[PDB]
Each structure stands twice: as structure tokens, then as C-alpha cells.
Amino acid sequence: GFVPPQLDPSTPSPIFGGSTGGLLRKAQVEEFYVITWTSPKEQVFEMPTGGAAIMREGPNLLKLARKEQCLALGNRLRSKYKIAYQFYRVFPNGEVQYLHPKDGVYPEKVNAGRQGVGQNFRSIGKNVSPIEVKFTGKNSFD
Amino acid sequence: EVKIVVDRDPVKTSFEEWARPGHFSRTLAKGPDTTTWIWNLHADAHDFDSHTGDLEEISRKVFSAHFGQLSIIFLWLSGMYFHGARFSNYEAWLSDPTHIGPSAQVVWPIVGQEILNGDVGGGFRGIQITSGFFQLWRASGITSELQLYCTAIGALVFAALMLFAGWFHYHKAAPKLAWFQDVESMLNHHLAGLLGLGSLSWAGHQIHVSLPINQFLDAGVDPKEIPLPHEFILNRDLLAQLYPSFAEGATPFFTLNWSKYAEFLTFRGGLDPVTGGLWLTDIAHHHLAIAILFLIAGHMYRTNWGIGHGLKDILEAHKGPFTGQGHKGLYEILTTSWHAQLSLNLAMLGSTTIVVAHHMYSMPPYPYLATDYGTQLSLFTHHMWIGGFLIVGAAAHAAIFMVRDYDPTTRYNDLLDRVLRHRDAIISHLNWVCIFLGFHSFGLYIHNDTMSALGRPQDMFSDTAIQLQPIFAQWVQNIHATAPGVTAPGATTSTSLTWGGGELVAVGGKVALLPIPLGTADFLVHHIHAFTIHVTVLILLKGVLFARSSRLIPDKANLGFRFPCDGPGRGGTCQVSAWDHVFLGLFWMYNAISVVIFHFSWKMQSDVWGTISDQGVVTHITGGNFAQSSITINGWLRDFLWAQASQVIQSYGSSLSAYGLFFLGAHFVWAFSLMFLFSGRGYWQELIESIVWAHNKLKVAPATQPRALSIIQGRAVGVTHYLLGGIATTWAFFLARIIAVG
Amino acid sequence: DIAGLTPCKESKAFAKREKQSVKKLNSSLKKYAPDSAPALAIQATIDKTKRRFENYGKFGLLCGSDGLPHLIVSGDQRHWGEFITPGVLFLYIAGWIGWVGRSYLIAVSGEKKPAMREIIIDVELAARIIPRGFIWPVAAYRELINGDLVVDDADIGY
Amino acid sequence: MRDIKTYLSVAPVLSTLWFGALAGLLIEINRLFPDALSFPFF
Amino acid sequence: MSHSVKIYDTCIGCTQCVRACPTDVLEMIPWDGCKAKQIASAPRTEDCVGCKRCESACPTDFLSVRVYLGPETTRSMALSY
Amino acid sequence: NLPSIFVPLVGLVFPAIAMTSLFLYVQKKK
Amino acid sequence: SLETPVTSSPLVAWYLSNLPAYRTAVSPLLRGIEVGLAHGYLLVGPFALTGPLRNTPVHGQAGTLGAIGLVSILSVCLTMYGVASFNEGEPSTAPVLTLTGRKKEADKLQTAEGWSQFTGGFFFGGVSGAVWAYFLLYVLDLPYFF
Ligand code: CLA
Ligand SMILES: CC1=C(/C=C/C(C)=C\C=C\C(C)=C\C=C\C=C(C)/C=C/C=C(C)/C=C/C2=C(C)CCCC2(C)C)C(C)(C)CCC1
Ligand code: SF4
Ligand code: SF4
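Protein sequence lines correspond, in order, to chains G, U, Z, F, A, S and L. Take the first sequence: its letter number 139 is residue 139 in the working numbering, and every next letter is one higher. Plus 1000 on top of the position in the second sequence (first one is 1) and you've got the working numbering. Plus 2000 on top of the position in the third sequence (first one is 1) and you've got the working numbering. Plus 3000 on top of the position in the fourth sequence (first one is 1) and you've got the working numbering. Plus 4000 on top of the position in the fifth sequence (first one is 1) and you've got the working numbering. Plus 5000 on top of the position in the sixth sequence (first one is 1) and you've got the working numbering. Plus 6000 on top of the position in the seventh sequence (first one is 1) and you've got the working numbering.
Isolated chain G, as found in the complex:
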């Protein structure tokens, strides 16, 4: 897979006063997220957790608590200003993980190379009754 990650660097942050939507104990103990994109021009955009702020020129760096907010902001940036982006996960050990594209091409369209994790080749009605599988680990949809 010639789809390498980008190893999220430490680049400046958007101009924002700092507010009660930031991180909490969770981010400092378990995990948090960082979304990163390059911007075309200093404009205004509403952060997910409150108010609005301005971005800068070049690459950006925003931190957030949960992946859902990051991806919501990313879809907003892709449907409002037509720019690409990534977001990374961080662990308190110091690890950094690359999550969303996994190839660079959106998961919206086809790109061979992805495996087939979690298919069942039978219509929904073919599932069986729990009695046939009771007292076991298996379930009907498996």
C-alpha cells in the first residue's frame, strides 16, 4: 500500500480565545484527537463545541476530545470551502496514529486494497433463531 501516513507535526493553532469546550481529564488520561489541514485564506468558521474562530495561512492544528467532533468539522470544511484534511489520535505514552483516510482517497468511493471485514453473503431474512445457537458464544448474525 503506497499510502503512507504524514506523521502529524507541531504547527500553529487557529486564533481563538480558549473556552469551556476544550479538553478535560479524559484527554489528559486516556486519549484525545488532533485535526490538521492547510487553509487557503484567513476566514471564520464555527468550532464544533461553541462559538467561532479564524484560521491562519498554511497548515493548521486543532485539538479536540472525541473523533466525532473532528470528523464533523472536517465534513464542514469539505462541504463549505473544498479543502482536504486529516486527523490523528494521540496516546499519553507519546504515540500518534493516523485514522481517517487510511489511503488518502475518501472512504466515500472505491479504492481496491481494503479488505472485507464483516460481510455476510445472505439476505437479512436468512438469519436463524436464538434457540438454534443458545448456550454457545455464537450469535445469529455471525
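Calculated from the structure, these hints are not laboratory results. Watch out, some of these pointers could steer you wrong.
[Stated by the list, open to error] No farther apart than 20 angstroms at their CA atoms in a straight line, the calculated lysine-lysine pairs in the PhoX-like style are these: (1) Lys4037(A) / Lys109(G); (2) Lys1176(U) / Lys1061(U); (3) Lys2009(Z) / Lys2050(Z); (4) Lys2113(Z) / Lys1699(U); (5) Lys1699(U) / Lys2112(Z); (6) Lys1172(U) / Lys1061(U); (7) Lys2019(Z) / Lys2058(Z); (8) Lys1172(U) / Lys1012(U); (9) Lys1012(U) / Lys3005(F); (10) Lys1176(U) / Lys1012(U); (11) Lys2113(Z) / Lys1030(U); (12) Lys2112(Z) / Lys1030(U).
Assemble the complex: chain G is given as a structure, and chains U, Z, F, A, S and L with the ligands must be docked to it using the hints.
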């Protein structure tokens, strides 16, 4: 600058559309594939902002809708005046209003309801009323059925005229944007034009018609030979006989020696023992001074000339250190989004309705009003209910604005931005205050009740036990009772009589007002009110502040204003839309209003209302057990709720029997609401499915595919039925009790 | 006399109820002019409830131990002017309505989108279908005879 | 014109007039037969 | 693995779920069982929050993607604290 | 007599020790 | 995050840093006993004056013994929370970074054994504070109102 620009004939008055429902919504106009179509049709009729994208057309539409509303109001007034003219005993009531029950509605003798036309005195039979029109019609010196008749006619004329004006302004001459969006001249006029000149012309109608005829009636005369109004202005000699100063034309006014008119324009204050009402001289001075004040206020803003301010030139100057840039640009927000204006105006109107409800009872303006108990009570509680509803609507539409038309890119602001930037702190602290008030205002009642049922009365919360004193209220009352001494020499007594100083006003063996003392029970009830209000504010403010996006759902706004949930994911996401926040807050507002009105009823019937003996001993309607039985919930059951519910429950086989019947249906619906509030949908969907099968078996399956109501509509119908049940119950209770005993 | 219920053509508590009712009505009547239209309507209702008591004392109404009518729906046509005849009359009316509605729907089923005619009725077809009520017993009868009233295994779709 | 006819054939107004007529019939029957408890015809 | 996603061969490869997946769970892969020659796949069920909006879109006969619930975790619960 | 010994015990101290024991239990982590 | 004058100011940070719950330059047991005697002097007042025997000449001892009992209950709760959340050889979870950024030694107060010393100190201090409030309220008791 500003001009009269309009447009000509956008839409033609053609019935082409009336036969095609849902012409406005593209999807609705296609056809009802199922039954939810006919719910969705009504559900979004008035939703103007979801029918276009430009403010011009929706502004025209709301301009026409206002005319529709005004036409309905005029028709209602006309119906009222008519039923007063052709179907009342109003003349007999004017003969002597001390012990003659105002009745203005008779019922047809068809199905045994003749008993409804009970005994009201004065040789009349009819359903007794409590609207309180009669005090007004005696204030304005109507005193003749011809006047009611012609007034009803004129009201009908104005109604048809307004309906016309509506049709014409939407269809033929539609206003343009630069007219609507021009708020400077609108403020200028409405300040100077509508309110000021209104109060001025009313002061006219009072000093030239009401005042003399009312003074004559107080002297005591059959209104038959009372001189007609116009015969009091044409021939001056009558008013001359009344008021010497009034026979001096216009010299004492223009020549600045106004003190001559001191007789009919004065500043007495207090009430008038002849009728308990207000000294009409005072109310005339009031209306006139208010007219002058509004006129001088109206001249603020520059409209076309070179003088005057600009509503953009006022905000941007204010910019403090903490907040920063101040109100810059807010002028654009409140001029480019109707929902914002609707919310602001609904909030202010609800607050004004509440304060009107309050100021009514404590300062009875009309004559012979503070002695028709039911009228006073019913007016107060009605105004309270209207205010509550208006406030909730304000919050809801504020949330709608927050969702749809808010955007920082062009409708920017630096104040609301800060507000939203720390919403969590606001909601957290308000929540903690709500918990604190709940505890220290209800747990007190619980403790008192328990320590009562445990035979430890001397460990109770009352005057006879561990004592809590509302010291600030008594302080203010003392100040208001000693203020006419030095601070306000131009007055004669306290501003009202409810202040803790003076004597009592009683007419026809009944009392109207007297001093009002505050006991620990008043402290507790006031804190209950404060707590419930704080909780309602918490609900609604949380809804508004979190309508955009919460820390639970990141992009709530994109999902729209009114949607049921976001699926059972992430542990369940039921009732997250601001719409559901309003659905919740409605019940709490209902509870606040209910407890407030119960407190009012008990306090009045236990410390003010009642009868006065020949010697002067007072025996109140309920015996004055408030300060000793309002401090236990079990008391509320026993002393007030159970006891004073007698007259509604024995009411069968009497004139008041109607008030009895509702007392059950009110409860019934009240029940019924639960069926919608508790259940869900999928169950009903499967049941409807089986019923559709049972029908289809007989070749009866209708093409309008049956569908159990959508979730949001289920919650809506539930809350509507619940509010209806509660309000109808308290309504029947109040009317039956007060009109039977009082 | 079913379980001892005498008809109030002969019982007494009925007479007591009647007497007390007309008495309270008359006592209410003497608070106006003897000619005032309200007093006139009061006397009218007095004689009206009186003749009601009379009518009840004409049709075999077995009458309670407390002075109240009490229906006898046990099947004996002796007391049938309460259930049997009004029952079959209402059954006729209900069958009328059910059959006319069913026939209208079955007819209008054959169109492009029958919903448009289910919300906005074909008032012409409605008028020329509606008066068929006089056929509802017999017509449906033949239907069941010819099995054209029910279906066997067509459940969804149509 | 025909538009107002099709509009008049919309279920709300038709239902209102039908129910008004039915209620009028019932109240007139009650007027001409007060309290009408039994079936004193057969 | 907290929740669970399943996909069935009635998938018409219309690709509404992925466009509506809030937390980047699903995707498409080349198949041979429809015109679009593409079927769903769920290799990222960890971040599966659990909202049914995905299968609230699939316009098939009854469904073609099911969201079976299971135990809970810190990320399957939208926790942010 | 005996009630004065027992009722306070089954009201405060025995419920207290039960609650703290179950607290300790449910908070276990092996 | 937002930094208002409340959460960020010289005097407020100074005060909060001076009270025993954050002065890491003292043994945790001593901070515990200090907060204990603080709350002990604290709680005696209303409990005694408004108790269910206030109209009795025993109300003093009554309120004081009640305060002591509440202190004992809360010390039990402290020890229970500590044994629940703190393991016996695992590291600390105290803030080890100050405002400037000086990497702070892990606060021994936030350790199992440290929390135990804290609990014992708090209990002893609460008892002492309660008995001290008693002896100062019912022997040398002129300049007060009660
Ligand atoms: C003429 C039409 C028609 C006919 C023949 C039937 C027939 C039947 N219905 Mg029914 N139903 C109808 C309309 C009709 N329904 C409508 C419009 C509704 C919605 C309000 C229902 C709701 C309904 C329920 C909820 C249930 C039935 C049930 C039944 C069955 C037992 C009878 C019963 O309990 O009804 C009781 C009587 C009613 C529910 C009253 C509805 C009748 C309406 C008012 C008549 C409509 C006439 C039409 C709309 C007006 C136009 C006139 C014409 C000019 C076109 C029976 C097969 C029951 C069943 O499943 O049995 C197994 C049952 O549980 N129906
Ligand atoms: C005859 C008939 C029947 C039956 C019926 C019934 C049974 C009914 C019931 C009913 C119930 C069981 C209940 C009810 C109730 C009602 C109500 C409850 C109403 C109300 C209304 C209104 C309108 C109100 C109003 C108001 C108030 C009072 C408050 C607020 C203000 C106002 C003014 C809004 C049958 C089926 C056989 C057949 C058909 C016909
Ligand atoms: S749950 Fe359904 S919607 Fe939520 S992510 Fe997993 S798939 Fe997309
Ligand atoms: S389920 Fe519906 S959406 Fe998801 S893949 Fe199959 S078809 Fe496309």
C-alpha cells in the same frame, strides 16, 4: 433616503390553488401517499421561512397575517358588544351594581339546559359572566343599549375594512424591502403616533364624557334622565355647573397657570369609597401625562431630516473592557431575522402581561370592580396564564433563530460569541442554584409537615415556632406607607391601600382592599415561586444555548430545529432538539403558574376578601387560616384544596351545574394525556398494521395508508392535552367556588 | 314486576320525585312578573317535565325502588320499546353507513392515485352511490352467497 | 369557478356542513319529542 | 467490537451510509454483485458510536446493513470526560 | 429496653457496615 | 480554556496555594490534621445551637457529641474512598506541574499510605476541634452570642 416604494400586483386573486392543498411545499403538493401527509400539511402551513429564501416575500406574508389577526380581534370585540347590547341586563345592572350579578349569555331551552339560565337578579335569567366588561362599560359611561349596538356595528365595519386592507396589501400593492427594513421611522411613529396620541385621545374621551356622567351616577340618579354625553360638550353650562375652572375655556392652560384645572386633573391617589375604584381624575391625569411622555419620546431617531439618532449610531459606541468590541453589528442581526424579533417581543409582552395581572388586583382601576370577587380573580389568573405562554413562545422562537439564521460569517457579533463561548459555566451555575432553591424551599415544607405529623409543633417553621421573617418586604411596605408624608407631598394617601398603612375600603357590606401583612408562609411561598421560575429558566436557557451544538452531538444544528432524536446510539439520544427542550419547559411553566394562582386565591380569600359587619367586624370568606395552615402540604389538602372544592362538587341540579360537569372532563383529558406522553410509536405501528390487515380482509383497506403519529407529533398532542386538562380543571374549580360562595 | 320492580304508573317514589321537582321549579317561578318571558319559559318547562312524567307512566316502564326508571333488556318483547326495536333500528342505520362507505371505496379504488379521491371525495359519485342504503342487508347477502365479500390469501398491496 | 367546487369538495368543509345538518336534525327531533326515552310506537 | 455492524448481499451499492457515517466506520469495496460492483464494509467498528442513521438511509427491501448492539466502552458511548 | 439496643444498630451501624462493605466490593479491581 | 480574573489572578492563586490542601512543602498527615481541626471548629456551631435539644441545658454536650459523630462518619468515608481509589504500591495522580511548569515531585498526599495519614490526621483534628469549641463555648463564653 426613505420613500414610499412599493410593488404592484405580484399574486392574482385566483382560486386556482384552494383546490390544490399544500401548493407551498413542493413535496406536499405531490399527493398524500399515506396519512401523515395531512398532519404535515397543517404542521407547516404558517412556516413561512421554510417556503422561500428571501425576506421580502415572508415579510409581505406576515404583514398580511397581522391583518388577519386584527380582523379576528375586531370580530371578537363586535360579538362581545353585541351580546352586551341585545342579550344582557346591562341597564338593570347600572340601576344598582351592589348586589346584581352581571349576566351576558342566555341559553336556548331545548335539551333541559334551561337550568343554565339561573337566577341572576334584576328580572333576568342567564349564564353568569366573569369577564368583567361591565365595570368598563360603566367607566366609559355607555349606560344605554343603543351605544353597545352601534359600537358592535362599527367594530364589524372595522373588521371588514382590515380584512380588505390585508387582501389589498398582499395581492395588489405589496410593500418592498427598504420599507420594512426601515425601522427608524417605525419606532419614531409607534412611540409618538400610536401610543401617545392614543392615550391623549382617551384622556379626551374621559374628561369630556366619562368624568361628568360618572360623577352624576355617584351622586345617584336613574341613568334615564342623565344628560347625554354630547349634550355635555355642546352646551357648556352643564360642565360649568360641575367645575368652575372648566368654564374658563383655554386661557388657564395656554397662559401657563395650569393650577386652575386642579379640580379634574389631580394627584390624589388611593381609592374612591363611593365605588372602591380609582379616582377618575387621577386616571385622567395619568393617561394625559403618559400621552405627553410618549410624544416627547417619539422624536429620537433620524428618519429623513438632519436631526435625530440612528439605531446603528447608538450601539457601536458601547464597548466595554471585559466584553471588548461591544454591540457592533447587532443592528444587522435584529433587522435580518424575523424570529429574533418575535422572540424579543414575545418575552417583553409576556412580562408586561404578568405585571398587568399583578398591578390589576392591588390597584383596581375600574369602579365597582374590587367587590365583584370572581371578576377580579378570573382576570388576574387569565393574565397570568397569557404571560406564561408568551414567555415560553419567546424562548422557543429564540432557539429557532439560534438554529437557522445565525451565522458568524456575515451576521457576526462579538457579544453573543462570548456568551456562547462559556455556555457550560452559565448552565452549570444555574443548575446548582436550582438545586439549592429546590432543597431550601421545598424540603422546608417537608420538614414542617413531618414535624407536624410527629407531634412536635414547637419545632415547626411558623410564627409560633422556629421563626422566619420576611423582613425586606415589611421594610418596603413601611416605606411605601410613610412615603406620602415627606417624599411625595403632592399625594394624599399611599399609592395603593395594600401597603401596610391606612384604613379599609368597603362597599355594600363587603370589603374591597385593606392592609396586607406578610407571615412566614409568605416567605416560603415566595421562595417556592423563585425556585420554580429558576428551574423553568434553566430548562429554556439550556435549550437555547445548546440548540447549535452540544458536547454530546457535535453537529446538532445540521440535523435541524425539530427532529425527534439521533437514534438510540451512544447510550441513547432521546429528546435533544431544542423543540423538546421547549416541550419539557412547558410543563414546568404550567406548574409555576398553577402554584402561583393557588397561592393568590388562598391569600386573597384568607386575608383581604370577605364581608364587613354593621359594627365593623370583618369575617373573611375563609376565616384567616393562611398563616397557620399554608405551612403543611397536608394542610393545603385539608384547609384549601379539599375544603374549598365543595361548591364545585355539590353543584349538580343548580345554575352552576355546568361548572360541575367540566370539573370531570377537565380531569378526564388530563388523564388521557398520559396515553400519548408515556407510550412510544412502534407498538402503535404494529397495532395499526394488524388493524389494516383486519380491514383489508374485507376489501376496505384505504389508499390513505394508516400511520401512527410521528414521534414529535405524539409529544405535541400529549403536552397539549395535558395543559388543557390542567387549565380546565383549575378554571372550573375557581369559577364554581368563587361564584358560589362570593 | 321483574324482581319486584313495580311500574311507576303505580309506585310512589316516582310521584315524590315529580312532586319535589315541580315544587322547586314553582318556588323558583315566583321571583319575576307572572308574564315575563323567562317566567313563561319556566312554566313551559314545568308542564314539559310534567307531561314527561305522564308519558313515562304510559308505557309499562318498570320502575325502581328509589323512584327511577329501569330498563328490562332480558329479551322478553313485553319490554321491547327500550332495546330490541331501537337496537335493530340502529343496526339498520349502521349497516347502511358501513355498506355505503365500503361500496364507495371499492368503486373509487379504480383510478390513478385513489388517495386524491379519498381526501377530496367524488361528490358526484358520492351522491349517486350514497342512497343505496336500502340494499345493504340484501346486497351484501348475495355477496356472501357468491363469496365476493371476503378474500382468502391476498393481504398486502391490494 | 370549478376550482372553488373542487375546493368545496375537500373533506373539512364537507364534513362541517354534513355534521351541522345532522346535529340540526337531531336537535329538531329532540324538540319535537322531548326526552324520548322509550320506543312507544310498537 | 463494542457494537457490531453487519452487511447483507441485498446491498445495491448505492453508498448512502458512508456519506452519512458520522465517525468514519464504513466504506465501499469492489464486488461483483451489483451494477456498481461495490459492496459495503465495516473494518472500523471500534469507533462505531451506535446511531442508526447509517441504516436509516439504506433504501432496500427491508434493510441491507444492520447495527447490532452489544457491550459498552469509553468511545462507543460518545464520552468526552 | 432490648429495642433501644437493637433498633439503633439495625438502623445505623449495621446498614453502614453493609453499605461500606458493598462499596468496597463493587470498587474492587483484580 | 477561558481564564477570567476569578480563575486567574495573583491574590486568588496565592490564597488557594497557601491553604494546606496544596502546600506540598508539609507532611500530608499535618495538612490532614489541620483541615480536620478546621472543620472541627467549624461544624459545632449550628449543630449545637439549632439541634433538637436546644431548649435544654444539655444542648452543648449534645451538639458537640453530634459533631464528633459526624466527623467520625466522614473520616470513615475518607478511608473508604482512599482504599477504593488508591492502590498500595502504584504511583500518584496529583498535579505534578505548577503554573510556570516546574516539574513537581509526586505529592505523597496523593498516595495510599499518604491518604491514610491524611485520614487519621483529619479524624484526630476534627475530634480536637470539636472538644475545643465546646470548652471555648461553655466555660469561657462571655463575648459571644448563643
Ligand atoms: C365505511 C367504512 C368502514 C367500514 C365498513 C369499517 C368496518 C370495520 N371496522 Mg373500521 N374504521 C373506519 C371505517 C370503516 N370501518 C374509519 C374511517 C376508521 C378510522 C376512524 C376506522 C377505524 C377502525 C378501528 C380502530 C377498528 C375498526 C374495526 C372495524 C371492523 C369491526 C367494526 C368496528 O369495530 O368498527 C367500530 C366503528 C368505528 C371504528 C367507526 C368508524 C366508522 C367511520 C366513522 C365511518 C366512515 C365513513 C366515511 C369515512 C364517510 C364517507 C361517507 C361516504 C359518502 C363516502 C369492521 C370490519 C375494528 C376491527 O379491527 O375489527 C376487527 C377496529 O378495531 N375500524
Ligand atoms: C356523545 C357522543 C359520544 C360520546 C362522547 C363523549 C363520551 C365525550 C366525552 C368527553 C369527556 C369524557 C370529556 C370532555 C372534556 C372536554 C373538555 C374539557 C373541553 C374543553 C374545551 C375548551 C374549549 C376549554 C377551553 C378553555 C378552558 C376552560 C381553559 C383554558 C381557557 C379555554 C377557554 C381555552 C359517543 C362516543 C357515544 C358517540 C359520538 C357522540
Ligand atoms: S453506527 Fe451506524 S451510523 Fe453510527 S457510525 Fe457505526 S454505522 Fe455509521
Ligand atoms: S446499505 Fe444501502 S447504503 Fe449501505 S451500502 Fe447497501 S445500499 Fe449502499
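Tested hints:
Proposed proximity of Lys4037(A) and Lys109(G) is supported: the alpha carbons are some 12 angstroms apart, at most 20 angstroms. With a C-alpha separation of about 12 angstroms, the suggested pairing of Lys1176(U) with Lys1061(U) holds against the 20 angstroms cut-off. Straight-line distance between C-alpha atoms of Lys2009(Z) and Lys2050(Z) comes to about 14 angstroms, which keeps the hinted pair within the 20 angstroms bound. Between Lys2113(Z) and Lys1699(U) the CA atoms are separated by roughly 17 angstroms; this keeps the pair inside 20 angstroms, and the hint holds.
Restraint check for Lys1699(U) and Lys2112(Z): satisfied, since their Cα atoms lie roughly 18 angstroms apart, inside the 20 angstroms limit. In summary, the hint linking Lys1172(U) to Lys1061(U) is supported, as the alpha carbons are separated by about 13 angstroms, within the 20 angstroms threshold. Using a Cα cut-off of 20 angstroms, the hinted pair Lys2019(Z) and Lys2058(Z) holds, with the two alpha carbons roughly 18 angstroms apart. At roughly 8 angstroms between alpha-carbon atoms, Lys1172(U) and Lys1012(U) fall within 20 angstroms of each other, so this suggested pair holds.
For the hint linking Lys1012(U) to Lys3005(F), the alpha-carbon distance of about 19 angstroms falls within 20 angstroms, and the restraint holds. A distance of roughly 17 angstroms separates the Cα atoms of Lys1176(U) and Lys1012(U); the hinted pair therefore holds under the 20 angstroms criterion. At most 20 angstroms may separate the alpha-carbon atoms for a hinted pair to count; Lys2113(Z) and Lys1030(U) meet this at roughly 11 angstroms. A hinted pair counts as satisfied when its Cα atoms are at most 20 angstroms apart, and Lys2112(Z) with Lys1030(U) qualifies at roughly 13 angstroms.
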